[PDB]
Amino acid sequence: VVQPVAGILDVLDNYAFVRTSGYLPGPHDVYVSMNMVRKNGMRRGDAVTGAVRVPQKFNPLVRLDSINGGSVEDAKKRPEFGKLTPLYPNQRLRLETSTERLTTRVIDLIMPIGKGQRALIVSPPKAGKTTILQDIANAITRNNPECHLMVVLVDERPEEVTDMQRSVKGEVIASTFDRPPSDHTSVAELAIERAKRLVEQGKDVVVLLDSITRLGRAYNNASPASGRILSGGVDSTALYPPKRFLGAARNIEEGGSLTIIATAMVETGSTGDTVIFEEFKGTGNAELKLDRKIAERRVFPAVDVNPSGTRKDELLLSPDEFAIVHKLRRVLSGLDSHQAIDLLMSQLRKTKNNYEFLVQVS
Amino acid sequence: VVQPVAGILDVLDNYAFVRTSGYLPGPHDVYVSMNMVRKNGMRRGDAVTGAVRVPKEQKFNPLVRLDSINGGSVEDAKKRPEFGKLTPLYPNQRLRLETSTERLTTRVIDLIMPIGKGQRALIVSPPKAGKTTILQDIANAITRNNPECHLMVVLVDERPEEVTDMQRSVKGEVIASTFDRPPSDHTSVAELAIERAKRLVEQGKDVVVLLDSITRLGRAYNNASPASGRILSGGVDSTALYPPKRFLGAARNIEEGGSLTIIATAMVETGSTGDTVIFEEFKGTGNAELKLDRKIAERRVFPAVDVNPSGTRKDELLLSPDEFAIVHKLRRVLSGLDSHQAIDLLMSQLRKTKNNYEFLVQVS
Ligand SMILES: Nc1ncnc2c1ncn2[C@@H]1O[C@H](COP(=O)(O)OP(=O)(O)OP(=O)(O)O)[C@@H](O)[C@H]1O
Ligand SMILES: Nc1ncnc2c1ncn2[C@@H]1O[C@H](COP(=O)(O)OP(=O)(O)OP(=O)(O)O)[C@@H](O)[C@H]1O
Ligand SMILES: [Mg+2]
Ligand SMILES: [Mg+2]
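Order-wise, the sequence lines are chains E and D. Using the entry's author numbering, the letters of the first sequence map in sequence onto residues 222 to 276, 286 to 592. Using the entry's author numbering, the letters of the second sequence map in sequence onto residues 222 to 278, 286 to 592.
One thing to keep in mind: the hints can contain errors.
[Claimed, not checked] The calculated DSSO-like cross-link candidates involving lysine-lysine, where the alpha carbons are at most 27 angstroms apart (straight line), are:
(1) D:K542 <-> E:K523
(2) E:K356 <-> D:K306
(3) D:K260 <-> D:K306
Simulated from the structure, these hints should not be mistaken for laboratory data.
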């Protein structure tokens with residue numbers, strides 16, 4: 222009957238819905254009773270292909295066809311929760327693809343991204359964030375196509391969702407600003423559950439969430455006041471769910487990983503953004519800081535070299551590469567940011583991200 | 222028998238009335254059942270022409293026949309919904325506003341904030357800054373220069389005299405609900421107006437909505453219902469900020485054809501915390517903003533725009549590359565100076581009988 226694949230979502234109550242075409246609650250969704258969920262071993266993020274009875287207000291979804299990876303009898307799935315989470319610098323996500331315009335060799339020498347990492351890009355508005363995210367998505371899709379890239383735009387203009395869909399080869403999930411914050415939270419939750427299920431399958435997943443601050447604000451505005459409402463306009467109980475999202479980024483010793491590259495808003499003129507970013511300090515191992523005052527000088531990507539780095543770099547780079555990168559970082563920390571970024575780009579102009587290593591050692 | 226003509230409003234329940242007022246719940250509105258809506262392919266905002274029975278008996289007499297929908301046919305209702313259609317960045321085609329040498333309101337707007345078919349504008353203005361004259365000038369320029377665009381002017385809380393003033397000074401549709409009406413009426417008027425704009429865009433036509441005081445719509449939404457979301461926002465409920473965002477975000481271009489411009493106005497420095505909170509919550513949503521400054525208006529210099537924080541986002545697709553370079557140079561020059569000096573210099577140089585003739589002067 223009605224075949225289209227869609228990510229199933231089990232709402233916290235007894236209701237479970239198949240979000241047709243994904244991921245927002247649509248007007249032609251299909252109802253799933255937990256009887257069928259339990260007799261089928263259904264998770265919270267599977268992609269079903271069942272049929273309906275064409276004439286719970288919605289369809290009954292009788293005669294399920296398939297699940298995301300296997301079938302009904304595939305009830306042997308390793309949970310994300312009760313599972314081992316190694317250090318996750320093991321495998322390296324290469325980002326160098328071209329030399330004419332870099333925008334990624336800098337954030338490759340400065341913030342080595344690895345599979346299963348939990349990155350965080352700090353950026354003031356109008357500093358070069360969307361270009362960086364698009365270039366990261368393109369580099370991830372081209373360098374290693376095995377990664378199941380997906381992009382989550384929690385709160386964006388409808389004009390920008392189309393641009394992202396056209397400039398990114400991966401899957402794009404987005405909720406426009408003209409949606410209730412409940413839709414924002416539901417989309418983020420369903421996206422992270424889909425990523426978790428793909429990890430349990432054994433595939434390296436990359437999630438390029440945009441504006442974790444907007445996700446935190448959506449969680450804040452969705453619910454009324456709660457414990458410790460006095461923090462700057464946001465209650466402390468509303469900063470748990472976003473962390474949970476950012477807490478999903480982990481490696482797996484058996485196989486697979488979940489990389490999350492979220493973006494944080496600072497200097498936005500709202501105290502809530504600064505508060506949310508401050509209470510997120512100490513969770514992301516790799517942090518990249520974009521500086522506004524460097525962007526107005528029309529030099530890009532305009533990263534803050536000194537406060538940007540990666541935790542546990544020993545397991546990502548090769549020992550000789552690690553030594554060279556350490557020497558470069560020491561040299562950059564010797565200088566101030568406004569000159570260090572200029573020197574780094576000046577050296578990177580004439581090289582190909584390896585000749586510079588050859589030049590640096592000399 | 223009687224032949225009402227009205228724009229249908231489809232309420233959440235099974236009721237559906239045609240608003241032959243229009244757009245305001247009147248004393249006599251023809252009732253339409255859901256069965257008629259489904260059979261005739263009706264949807265909220267459609268312009269409906271049909272017949273109705275004589276008084277027979286249900287306070288409102290149900291509709292009986294239908295002659296036309298939105299000017300078309302009952303069977304020709306195969307138009308695509310707006311939600312499912314692709315929404316480009318909408319700088320593709322710009323609406324020229326400079327129409328005469330004498331008036332410098334539209335010339336300044338064209339130089340500072342270019343407007344294209346599909347923008348989502350926001351005029352930020354304190355009280356007594358020159359907002360109504362600017363809206364009237366924009367409406368006149370749009371009607372004169374772009375007659376193909378269907379012009380709608382929505383007023384949410386206005387004096388009953390100002391509605392007539394606008395109706396006499398504006399040629400397009402003027403929908404208004406005066407302050408002597410419940411906030412539910414302002415809500416219904418705004419929602420029905422935007423749904424009508426959507427239904428016209430689905431036909432491929434260009435619609436331009438001139439909303440007045442999006443803050444008034446936000447306050448009407450806030451007062452219409454008891455607080456249920458995060459009340460701690462500055463006196464205004466957090467749930468009350470969603471429907472105004474929906475109204476403002478309905479302004480999308482269409483790749484298949486059409487556009488829906490929304491030049492809304494936001495009120496700041498009104499002495500109320502609700503207005504400032506709503507405006508702050510509406511940050512980063514509109515891609516064209518014009519800031520009117522009270523202190524510039526007090527100097528009796530108009531249109532009194534605050535140039536530096538006002539501009540269009542992604543105007544590269546609106547302007548030709550040489551014109552874009554010239555405008556970028558002008559914006560750099562203006563940003564070199566403070567607000568008062570910038571507007572004074574712009575007004576002083578704008579008296580060169582055209583905008584293009586100033587651009588030619590700008591090169592040399
Ligand atoms: N790699 C790059 N090379 C050159 N210019 C760039 C680069 N990345 C961004 N820019 C500049 O940045 C602008 C494009 O917008 P940008 O990517 O900065 O938006 P953003 O950071 O998403 O901003 P916002 O918060 O408004 O959405 C242009 O001025 C463009 O020249
Ligand atoms: N283009 C213009 N040229 C000259 N004077 C102008 C112009 N536009 C507005 N004004 C002046 O503005 C006044 C007209 O009212 P105005 O447009 O300022 O009201 P408003 O912004 O709607 O105010 P309110 O907040 O009371 O509704 C007059 O003093 C008129 O001279
Ligand atoms: Mg952006
Ligand atoms: Mg006025």
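Each hint, compared with the structure:
no., hint, in the structure
1, D:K542 <-> E:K523, "holds, 21 angstroms"
2, E:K356 <-> D:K306, "violated, 42 angstroms"
3, D:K260 <-> D:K306, "holds, 13 angstroms"
Checked against the numbered hints above, the structure breaks only hint 2 and satisfies the rest.
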